[PDB]
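The chain that follows stands alone, in the form solved without its partner chain, written as structure tokens.
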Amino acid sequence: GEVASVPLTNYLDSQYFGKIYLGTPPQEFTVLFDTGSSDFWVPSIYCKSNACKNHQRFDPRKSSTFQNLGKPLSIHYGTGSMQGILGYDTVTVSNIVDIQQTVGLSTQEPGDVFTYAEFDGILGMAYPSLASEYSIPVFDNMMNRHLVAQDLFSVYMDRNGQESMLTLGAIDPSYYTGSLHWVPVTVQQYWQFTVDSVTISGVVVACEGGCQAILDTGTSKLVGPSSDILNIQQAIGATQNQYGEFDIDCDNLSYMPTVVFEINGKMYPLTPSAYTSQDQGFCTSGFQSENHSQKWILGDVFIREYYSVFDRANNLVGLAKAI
């Protein structure tokens, strides 16, 4: 099959998005490649909202391969809610041509969340089991038609924020140090696996006795149960903000703990600079709580440190130290 290389651009450690082309001839869009959702949608000319008015909108009337389906597609992103209509058209992702791709066409994207986002739409990369009805995930179509050299994709998130890259159908060793460690997915919906523990100085701080975690490029932060996050914020020296955020005085970075993740018997540390986001005047914690007793989300904070591999053929996750 083929290997596609899709260079990611980040909008401040929060949104990693790249380029795709839709229709014949090609209309270009910027999309969030999302390991936490399975649908594909872009804004359409039938979308009237301020947010649609501020992004690239698909004009089906200019595409010769466009074919309405009419089925409804409802989505959630952040505090946001999007409504659209399913169609078919041809997707172009670098090398790869994906011909009768199910695609959401927005009609409503009310509220600021979308207006201010830097991408146009989202291209979901989770399991088909997470897709909306009538929707076939992009990667599945590429796997069905054998468009990829291998049924895996790789994410390299440049901490330095320059060379981020999405690789379809290949692993590149020049993106990590050491060896690749393979963790089996427990639940095939999200890219879910088992975290053994979360330690600070050989002392278990969170995730006592193991926990379920998901690798999510769609999320900026590291998200966990509120009780556990509180332990982490105290222990790293973070205080609640008048915005509701957790501020950390920059420069105090040298005295802060290293937070360690034990995955499948191996250690995955986050240093204070990695878990800490420093912009303009402040230092903020990459740690975020979720109202109450769940599953952790390993968002961009984690993936910036660990080249991640998503293997649909073996239902495995591969992690290596990002260079």
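Positions refer to the first chain, counted from 1. Only residues modelled in both forms are compared. Note that the rigid core is defined as the largest set of C-alphas that superpose within 1.5 Å between two forms. Compared with the form solved in complex with its partner chain:
Put simply, after the core is superposed between these two forms, 77 is the one residue in 193, 246, 77, 190 with a Cα shift of at least 2 angstroms. Superposed on the core, the two forms differ at residue 158: its CA moves 2 Å or more between these two forms. If you fit the rigid core between these two forms, you'll see the Cα of residue 53 move by less than 2 angstroms. Relative to the superposed core, residue 266 undergoes a C-alpha shift smaller than 2 Å between these two forms.
After superposition on the rigid core, stretches of three or more consecutive residues whose Cα atoms move by at least 2 Å between these two forms are found at 77 to 80, 158 to 161, 291 to 293.
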The other form holds:
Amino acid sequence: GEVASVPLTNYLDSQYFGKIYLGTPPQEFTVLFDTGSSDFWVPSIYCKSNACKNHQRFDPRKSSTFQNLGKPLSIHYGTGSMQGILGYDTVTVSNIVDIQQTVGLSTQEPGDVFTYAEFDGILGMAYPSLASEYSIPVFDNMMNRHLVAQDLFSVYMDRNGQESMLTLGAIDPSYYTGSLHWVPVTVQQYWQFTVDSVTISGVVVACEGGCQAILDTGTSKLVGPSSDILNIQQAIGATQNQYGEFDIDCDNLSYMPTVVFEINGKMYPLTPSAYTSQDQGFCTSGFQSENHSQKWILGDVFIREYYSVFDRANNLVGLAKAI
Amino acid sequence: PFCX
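Return the structure block for the form solved in complex with its partner chain; the form solved without its partner chain was the one displayed.
Starting with the chain above, the whole complex follows.
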């Protein structure tokens, strides 16, 4: 029973990664903590993908606590792909040593998604049900071994001089203002919960009747179904680009609306500053549509605004105003 | 944007 603070590093608000150590002697890795997946992998010495030679590669041979599982790992995100071999070893996440933890050793990471990525591997934080066969999610090994004070992990996020933070076993109230509002997780796979509606001046632009959304730190934007996100891009002032995309006039924030996510009777506004990422002169929408549709993904755009707490104990998501 |  212990608590752990993982400083998260922020690259261009699109990737949040912290440091972790694998095996004995400990080998160091940066890993994006992803609440939208349940597999923990790191590059390994068996991987000869460019993404692998330009990132840190775990060497199981150098680790004595390493235990080969033998079972393949292959994961498809919405953005990226990795194939791996499964094994066991000791992961030190901060001050929590997570013994005999199933970790994927990447074999091939085709594509360029991880290649130009800041971090080496991903550490899924979703439910076990999302985890690959043979694979046990990291927080899950922590709970079963009772290494966390409470079966809760909390995320805070963003920028400069700077300090994003993942906390394990606890919640840091200094990262949020107001009170934490607990949203029940409906479907335990993703950190999925119901969003009552999406309003723009009390008007529902999207998410009519209610819709399902997942709190996903590994998603940079705020993804919603095509039609709905369209109606949002037009309801705000965005335009479609000239080499594909949606743009926002940076000088126009003051005149643009607040996009309020209602979750459990409580309002989660996203100001034009939150839903707008600026590249010095050029502002784009933090709203991304899904080629298809259905589930809304509340990414680092929402997470940056709302200190999120993932409670495995009670299958709650606590939401509060980020500091 | 990345979609973990």
